[PDB]
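Every protein chain but one is kept in place in this view of the complex.
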Amino acid sequence: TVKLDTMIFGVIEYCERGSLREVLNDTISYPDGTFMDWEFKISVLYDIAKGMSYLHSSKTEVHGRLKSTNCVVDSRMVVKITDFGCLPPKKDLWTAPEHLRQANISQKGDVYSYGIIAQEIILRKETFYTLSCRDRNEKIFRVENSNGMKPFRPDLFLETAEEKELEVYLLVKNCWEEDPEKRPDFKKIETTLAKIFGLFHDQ
Amino acid sequence: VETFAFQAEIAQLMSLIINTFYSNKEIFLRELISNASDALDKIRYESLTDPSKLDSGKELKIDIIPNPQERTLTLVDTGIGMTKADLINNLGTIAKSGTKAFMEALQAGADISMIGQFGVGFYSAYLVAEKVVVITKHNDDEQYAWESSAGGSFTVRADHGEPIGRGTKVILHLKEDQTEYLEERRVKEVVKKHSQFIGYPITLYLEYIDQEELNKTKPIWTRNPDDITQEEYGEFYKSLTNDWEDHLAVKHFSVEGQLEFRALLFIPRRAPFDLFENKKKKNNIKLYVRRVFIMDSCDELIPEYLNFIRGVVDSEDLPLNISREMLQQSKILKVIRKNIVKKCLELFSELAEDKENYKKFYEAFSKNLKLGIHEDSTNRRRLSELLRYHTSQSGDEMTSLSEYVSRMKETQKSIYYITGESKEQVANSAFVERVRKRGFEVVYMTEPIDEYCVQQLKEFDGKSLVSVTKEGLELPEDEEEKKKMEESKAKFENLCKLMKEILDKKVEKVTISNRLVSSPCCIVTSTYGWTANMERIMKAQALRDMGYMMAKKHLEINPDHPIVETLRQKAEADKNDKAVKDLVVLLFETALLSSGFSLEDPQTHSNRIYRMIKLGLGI
Amino acid sequence: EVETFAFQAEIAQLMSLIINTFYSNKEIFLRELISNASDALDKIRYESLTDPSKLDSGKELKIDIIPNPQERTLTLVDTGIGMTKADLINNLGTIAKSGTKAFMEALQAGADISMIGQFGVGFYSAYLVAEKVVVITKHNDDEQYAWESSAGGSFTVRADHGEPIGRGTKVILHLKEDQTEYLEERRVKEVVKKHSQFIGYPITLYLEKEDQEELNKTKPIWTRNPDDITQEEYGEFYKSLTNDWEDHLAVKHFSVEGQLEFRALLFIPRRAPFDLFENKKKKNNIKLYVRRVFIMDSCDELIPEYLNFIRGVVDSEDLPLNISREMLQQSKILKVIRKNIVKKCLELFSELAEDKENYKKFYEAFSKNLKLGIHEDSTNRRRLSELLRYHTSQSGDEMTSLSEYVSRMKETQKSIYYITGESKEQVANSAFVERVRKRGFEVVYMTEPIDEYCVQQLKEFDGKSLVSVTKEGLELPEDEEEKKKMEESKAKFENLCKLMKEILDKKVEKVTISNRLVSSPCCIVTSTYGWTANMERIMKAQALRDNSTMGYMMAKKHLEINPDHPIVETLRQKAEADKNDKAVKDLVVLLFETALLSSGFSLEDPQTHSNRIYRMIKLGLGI
Partner (left out) sequence: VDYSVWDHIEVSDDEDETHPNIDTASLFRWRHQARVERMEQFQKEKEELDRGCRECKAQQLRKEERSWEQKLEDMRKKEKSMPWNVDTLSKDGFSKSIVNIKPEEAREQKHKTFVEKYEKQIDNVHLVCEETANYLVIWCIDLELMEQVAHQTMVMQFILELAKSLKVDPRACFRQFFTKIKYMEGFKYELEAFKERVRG
């Protein structure tokens, strides 16, 4: 006379955040005040780093569309790098000048896109925000001059108040050079991120 | 520098073979019958070229005889036999088989197939015995006797007395602690479990003498179609599934190539009672090679959501193990799944071309179909096509989603729906006034598992979907309507805020909606979040829990009733009247109860209604 | 006449069988050699125990592994005892002749060593991944010797190669063409992380230049006497054994000597995992060790299902295990261990039962698992009953056990009471308890579905029965004055009962009057057998099964009316005045509808109720 319980189907984690960009807008979904810290940023960058490191090992090591609105965060505090987006002339600040010059999305575009998304996620501001101008067409036009004689990068000149991630700032400076040759591999990034996460985890 | 040959001690290998090679006890019978079987088809092949080979006997039978008073077991078969040369080296050598030599000398084409490629089968019989004796007669050699007792020395001799025609008689002495293998139930169970698909009859003797047969069913999938008929399929299904009802769907499958196999798949009529109750280890699909039972208990063989289909798969060659229970390099076992599921799914299409039989099929297997369309992350698109659902403007029947899309109105880019608890609830609910006023269609949702599927089914042939119980529905209007209600917001502005202080929290934003023509108010849920059914279903799961996903709430108000304009006039009169307070809280209570959401404390509502009715009563 | 010969064996097919069709994976080949070095190390130590003069040929006893990808070679260098010409031409060159067993048997009567391996057919597993094998050996007497083979059918023995060596044995493996995946750095620690962690000799690993990671740091402690252990060492061993960052909660040391000797360490966790009931991976939280080697894990017939959080290890020796080194034949022996393990787990729980806030945390963590264990097992109810705690009404916030409630009973009643609801506020103020509250009795609460699951199978406690406050047949011991009061009440209200039956019926079996309401007009009660309202609500939603015939024979209700309120008196006087009016119909349907709403069931349609109250308010506002 007992139903004999059993057959728990669990549950999928409820889908919610869909762009990793709309999270950076509303305090209702996630407060923008004192809730802002550094352990969240190092954690999310760490998950992106390990995901990219695993992805780049296999035969599908080339992604081609490194884009934050592609990245998704669920409600288990986990991050996924999906396809989502599913010839494309779709110009954006997020593409590397190596595409705008001739062709052939490759490693260097992935490194450049990683740099710009890291910038956008640390500073918490608009896409490629510059205090000098706020119109999109001249943003694209200046990008068209990125192969000129002076670089034009996201605003991370100076002032720290934090020290700490001085290494990570060295990486983000490394990602912003016209020459695509010297750009580092994933190894230094993931090692430094793992060491910082461990320093923040043993406490 | 010197070169030396390889050595191998014999004595310790003898105990190595009989102690740590197998794990159970019910396999020596299978080994012995397999040996008798290969002898049988050996002499059978020898017959077609020489009839005189069968002068010493025209019948091919295998029999087993127990005897309790001597505690002895006897196996009798008529086959090829041995000569003196065979007995000395073929049997007395560890890890050597005459089958391979015979088939290599027979390198003139393949017409028959036999088993045995290792050469340690015989000594397994020594697991539960002390003395083994073999009596052998050959077509051109005299009667010979062989005896052994696992000591390192074996005995051969010329025996006299009790002449036989030809063949082999094997007599096994038994232990004292293995008496249990001398009864009818155990031998019947073992023989029906392990070796019940051999192309020769097997009998058994119990002592008035008795005559009976342990297996009298023939293999079926070895004959080509265009000869088999429906009645044979029905009889085979009845024999295999030990039931009384017939089958519903049959399919035959055959492949080729380096990996070759044959398959039969069956779909039944009525649903089994203990289907998802599990507990019992799955025993649906069996695997065989050359008609001996190898593996069962499907683990990666077939997906979990198709655990209702019986069938049989036969192979020809496979990398087996020293002990024949497992399969080396299990990855190959995966591949067959890709060749099975697909093909099986094909059947589901062919059944759809006739009307009523598909209703009969759906009525019991809807739940399996829903679990499949949920879990199958790759073939979701194919599975989503063959669903059948209720709808508003039909009768009592169900239609297909494509038929639904075939009648879009003119400027309609979305498909609406609604989930609930029963038909009569969503039939006259408070959300379905304007969508029927303008003239459109709705799809009703009624099962607890159904609400999972819609959670994953977001798109269908270029059109998205929205839920009628979410904030921000968009449907077409015309310019007079738009000017009319935007000037309507310019009237309740003060009203738009007053509820805010009365109900403080547990309300976020209040606006004037356009979905109500016969009800004043309703409660709407946010976009990112759940519905009420989601909350109650989660509260139904008892083995789980966290939290923190509860969606926000919104409240709606209608501009047509006289009640709301009376509230407006009383509110603009003053802000210090308790009449507006109590009627607003009562309206909120009834509105929140009217939309499926659970209550908080029924005592307040009961007391309020009691006071109302008592005051109306006259006291 | 008769003859008696001896058996004979073929060589080529035997070798092919022993290489190509015996194992279920290809990672074993490292494990075999790593194991087969330590035994020789032990022989060195034991032989040196008596002769000090063997201290002048070497003081280091280790094992080193060197890979090489320019030349595609692997080297395993050990400092073992080695062999001479006779053993090299005798022991290694033949199948199934183990020197370990001979060495063990030759010396006895008070020895202490358990060398790994008795079959003698293990070394050839080196041919699983490679193409040529070579062994360099110099034991203690003559020059070094080399042995080269390729599993062809003839091996080669060679004299000194001119390499100056002190002692030990080197095994050099020539890797195949495609198996270079066994050369990069990751899989080395991945493989050695699982099998051969607990071995009593240090292990190093060389990679490059500008010594490195030693893949062993933790000497196992279960081999020691559990009488001078301390908390800190036990804690750091806990931290080493599993990946976490918190200290332990409680531990238990277990040892049985007799027909079967076996020892065990068991831990309870601290934070409950978030996937304790997630599918797949089964019950796996326990590892099986024999002779300091891992065999297998995640076998269901080891621990009862309702225990999926205890973490530890059980180790023993002298067990019958098969060739593949992945299971244990004669499964009968495996069944005996659980009957002791579960008893020791219950003993640990009972000992923990003496602590206050540790038990608070433990209960808050695993209430559901404890109650599932209560429901499932049919043998340990008497013991698992004492570990349950509940809410009450006389203590409030703080918890209580059934023993305290038994200890402070009133001296007249012979029953225990309970009530199952949705949350605390649902039943803290409901209409089902007023008379009990007035008298001064104690009613226990219940607020989780697993409590609902476990309450059905429970039958009594210390000889007292459990009765519901939501079922027909509830009485309190009172004086017969109240009895004749109800008597003349029945004699005074029968026609009202008939009317309440004949109003619309089809929903109520009978209408009765009892003493459980003092501040409410009407209430709903269930029958002596069948499901409750909460039962229907919980079982109507979860899972996939759908057949309500059972509920069709576990669902029936009765209505109760309190004949004290003024409203009942008014409706009754209008009733006996006349019964053909419509106002009586309106009032009775309203009362029944609000009773159904307050009972706990689900209304078949709230729209009609909403329309009724809306009409009432419309008339009240005078529109």
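Quick notes
Letters A, B and C name the chains as they come in the text, with residue numbers starting at 1 for each one.
Here is the rule we use: a residue touches a chain if its C-beta (ideal position, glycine included) is under 8 Å from a C-beta of that chain, and two chains touch if they have at least 3 such contacts.
Checked against the hidden chain, the listed residues A:60, A:102 or A:203 yield one contact partner: A:60. When you scan B:249, B:294 or B:549 for touch with the missing chain, the hit is B:249.
The residue from B:332, B:502 or B:517 that touches the chain not shown here is B:332.
Along chain A, the points of touch with the absent chain fall at residues 1, 47, 50-51, 54-55, 59-60, 72, 78-83.
Of the residues in chain B, those that touch the hidden partner chain are 117, 224-225, 230, 233, 243-260, 270, 273-274, 319, 328-329, 331-332, 334-335, 338-339, 347, 350-351, 354, 357, 377-378. Where chain C meets the chain that is not shown, the touching residues are 13, 16, 20-21, 178, 549, 553.
The working rule: only the chains that are shown with their structure count from here on.
With each centre defined as the average position of its C-alpha atoms, the distance from chain A to chain B rounds to 42 Å.
In whole angstrom, the spacing between the mean C-alpha positions of chain B and chain C is 26. Within chain C, residues 277, 453, 543-545 each touch two or more of the remaining chains.
Residue positions of chain A touching 2 or more other chains: 5, 7-8, 10. Taken in their complex, chain A has these residues touching chain B: 4-8, 10-12, 14-16, 28-29, 75. By the touch criterion given at the top, residues 276-279, 455-456, 528, 530, 538, 541-544, 549, 552 of chain B touch chain A in their complex.
Against chain C, the residues of chain A that register as touching in their complex are 1-3, 5, 7-8, 10, 201-202.
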